[PDB]
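A single chain comes next, written as structure tokens; it is the form solved without the partner chain.
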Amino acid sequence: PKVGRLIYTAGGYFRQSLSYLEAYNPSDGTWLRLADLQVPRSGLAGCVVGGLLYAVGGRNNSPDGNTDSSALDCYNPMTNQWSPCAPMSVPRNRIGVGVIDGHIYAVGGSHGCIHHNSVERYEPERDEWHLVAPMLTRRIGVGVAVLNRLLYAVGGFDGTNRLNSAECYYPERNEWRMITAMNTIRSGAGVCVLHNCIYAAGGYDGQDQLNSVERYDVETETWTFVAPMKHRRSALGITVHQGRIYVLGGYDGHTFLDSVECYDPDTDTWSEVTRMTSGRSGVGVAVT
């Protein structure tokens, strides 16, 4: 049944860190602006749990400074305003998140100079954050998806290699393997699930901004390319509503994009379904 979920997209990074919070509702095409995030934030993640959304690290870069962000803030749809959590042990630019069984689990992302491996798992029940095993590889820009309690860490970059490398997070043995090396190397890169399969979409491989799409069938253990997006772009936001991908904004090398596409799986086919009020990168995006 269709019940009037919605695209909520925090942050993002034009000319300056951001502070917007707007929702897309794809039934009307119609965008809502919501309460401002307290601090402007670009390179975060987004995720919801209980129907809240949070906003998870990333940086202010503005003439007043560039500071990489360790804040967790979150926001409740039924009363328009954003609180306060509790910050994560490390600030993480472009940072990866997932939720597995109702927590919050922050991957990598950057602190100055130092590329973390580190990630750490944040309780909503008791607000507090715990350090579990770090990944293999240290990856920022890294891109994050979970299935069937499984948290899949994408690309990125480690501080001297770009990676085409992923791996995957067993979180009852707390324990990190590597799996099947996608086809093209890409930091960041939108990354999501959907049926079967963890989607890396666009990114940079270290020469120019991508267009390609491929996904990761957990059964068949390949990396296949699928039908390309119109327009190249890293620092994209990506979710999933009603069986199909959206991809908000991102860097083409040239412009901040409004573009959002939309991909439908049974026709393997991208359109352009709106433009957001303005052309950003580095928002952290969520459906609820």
The other form holds:
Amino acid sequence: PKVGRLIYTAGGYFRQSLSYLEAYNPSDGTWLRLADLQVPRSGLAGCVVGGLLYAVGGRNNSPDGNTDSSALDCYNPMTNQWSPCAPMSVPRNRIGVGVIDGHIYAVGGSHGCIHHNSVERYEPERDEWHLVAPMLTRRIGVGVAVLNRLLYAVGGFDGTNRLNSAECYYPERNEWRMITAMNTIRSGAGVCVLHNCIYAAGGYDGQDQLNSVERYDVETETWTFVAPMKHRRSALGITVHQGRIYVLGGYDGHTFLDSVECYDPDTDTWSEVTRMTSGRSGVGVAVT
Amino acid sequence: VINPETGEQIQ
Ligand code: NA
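Instead of the form solved without the partner chain shown above, give the structure for the form solved in complex with the partner chain, please.
The complete assembly is shown below, putting the previous chain first.
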């Protein structure tokens, strides 16, 4: 007939940083091989704006060596072609990304030693990055959600410590306020909004990868736990599709997962729904 | 030589 919306998953890591762009049809159970990244990379972040998929930051961890990426690259699903864009002010391994109003927010990540608390806004219409109010905490492996046109930044790693702290950027006032910390410390968790709530799923607490999932209600300002995920996973991809959450791969201290679970809010149940062609951590994921 | 969190080997 025709084909609807897809969960794109881009780059990642298994033995080395990867180039795989693949897509999943949640309504047919099927997986698409699509154009490889110009450069392989891991701990990048994915987002869509106006039909187009964007691949932000990360690092090429090669057999040869490794480089932290300041690169922004754009995938057009119409042409199956990547094009490069204005690079960021700085390279951002383990970046967090949110989209408010056709604009991309790159928050935190590392340039080797330097753990960032800087933040930059990219305007596709101009093809231009601009620095904005930095966060209060330095954070890499930071979950990033956009709720009621605010950017929430959740957990991460400040260079010394793993955080359960979370803050909130106000685009209109250009300022950051701390919010209720989560029950659990979570570096490299997966974070998104669904039916008006931030969810934090998986992550490394500093000892052990997690399968616990807590959600923020912005009104009651509390972090209630919900159903854990089947598999413990850190450095996982996450997205929302058809009002359900999908978690894609990641690491569990032993092996690189290929599992993808799916959370029905309506019935507070998870369920495994496919595998990825390979097991990989630190993929970037988005829907269009 | 391993990153406990990402599972990436470094050095
Ligand atoms: Na991928």
